[PDB]
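K.L.:
Fit chain A to the supplied structure of chain B, relying on the hints for placement.
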Amino acid sequence: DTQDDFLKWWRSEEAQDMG
Amino acid sequence: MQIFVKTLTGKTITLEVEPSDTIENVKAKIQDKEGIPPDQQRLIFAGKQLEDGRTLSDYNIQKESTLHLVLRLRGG
Numbered sequence: 022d023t024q025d026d027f028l029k030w031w032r033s034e035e036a037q038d039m040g
Numbered sequence: 001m002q003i004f005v006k007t008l009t010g011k012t013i014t015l016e017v018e019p020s021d022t023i024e025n026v027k028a029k030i031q032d033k034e035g036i037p038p039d040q041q042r043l044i045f046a047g048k049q050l051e052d053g054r055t056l057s058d059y060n061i062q063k064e065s066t067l068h069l070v071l072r073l074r075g076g
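As you go down the protein sequences, you meet chains B and A in turn.
So the first sequence is residues 22 to 40, counted in the authors' numbering.
So the second sequence is residues 1 to 76, counted in the authors' numbering.
Chain A with its partners taken away, still in its complex shape:
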């Protein structure tokens, strides 16, 4: 299952994530692929806030699905 995480700026990257795998596992891979901490970027889909402790199938996230990302400005 290779989905496409699209950010606000307009960055859609192909990221593979199992449906059972929680959002943390996704932000996890996305964190090691882009360098964005799980608690630094907020993802949204179908008007639902993807919580760190939530599954994908719950938000009807299919393959190549466009997952909205929100990069939290101001780091450290």
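This is chain B alone, in the form it adopts within the complex:
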């Protein structure tokens, strides 16, 4: 049940602006 676990990291990882 870690399908969204690793995906959650990609969410913010893609949403970059200032860092």
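Errors might be hidden in some of the hints.
Below, computed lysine to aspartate or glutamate pairings styled on EDC-like, alpha-carbon distance capped at 16 Å [as the list claims (entries may be wrong)]:
1) A:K63 / A:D32
2) A:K48 / B:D38
3) A:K48 / B:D22
4) A:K11 / B:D22
Cβ-Cβ distance ranges computed for the label pairs, FRET-style [said to hold, decoys possible]:
5) B:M39 / A:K11: 19 to 29 Å
6) B:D38 / A:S57: 33 to 43 Å
7) B:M39 / A:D21: 37 to 47 Å
8) A:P19 / B:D26: 18 to 28 Å
Just so you know, the hints here were simulated from the structure itself, not pulled from any lab data.
Yeah, the Cβ is synthetic: ideal placement off N, Cα and C, and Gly gets one too.
P.N.:
Okay, now just chain A, sitting in the frame of chain B:
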């Protein structure tokens, strides 16, 4: 075979795609249905990176399957 492509933001759309049809054919329809280039959005399923040259049955993609999508920010 009508699956549901869910994006990171939370967008699950019903998109029909044959099992034999490669990912390109899917991103293809998804591209003409949403407007996202095949090389602009990355899809994932079962912890596997859906390559442009890969089938669905390989990732055990059934009907109404939740396919993870990754819209690549920054366009042109």
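K.L.:
Next, verify each hint and record whether it holds.
P.N.:
Here is how each hint holds up against the structure:
1. Only pairs whose Cα atoms come within 16 Å are accepted, and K63 of chain A paired with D32 of chain A is rejected, the gap being roughly 20 Å.
2. A distance of roughly 27 Å separates the Cα atoms of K48 of chain A and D38 of chain B; the hinted pair therefore is violated under the 16 Å criterion.
3. Between the alpha carbons of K48 of chain A and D22 of chain B the distance comes to roughly 14 Å, so the proposed pair stays at or under 16 Å and holds.
4. Among the hinted pairs, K11 of chain A with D22 of chain B is inconsistent with the structure: their alpha-carbon atoms are about 20 Å apart, more than 16 Å.
5. For the pair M39 of chain B and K11 of chain A, the supplied restraint of 19 to 29 Å holds, since their beta-carbon distance comes to about 25 Å.
6. Remark: the range hint 33 to 43 Å for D38 of chain B to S57 of chain A is upheld by a beta-carbon distance near 39 Å.
7. A C-beta distance of roughly 40 Å is found between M39 of chain B and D21 of chain A, which places it inside the suggested range of 37 to 47 Å.
8. Judged by the Cβ atoms, the range 18 to 28 Å given for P19 of chain A and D26 of chain B holds: they are separated by roughly 27 Å.
In this structure, the hints that do not hold are numbers 1, 2, 4, in rising order.
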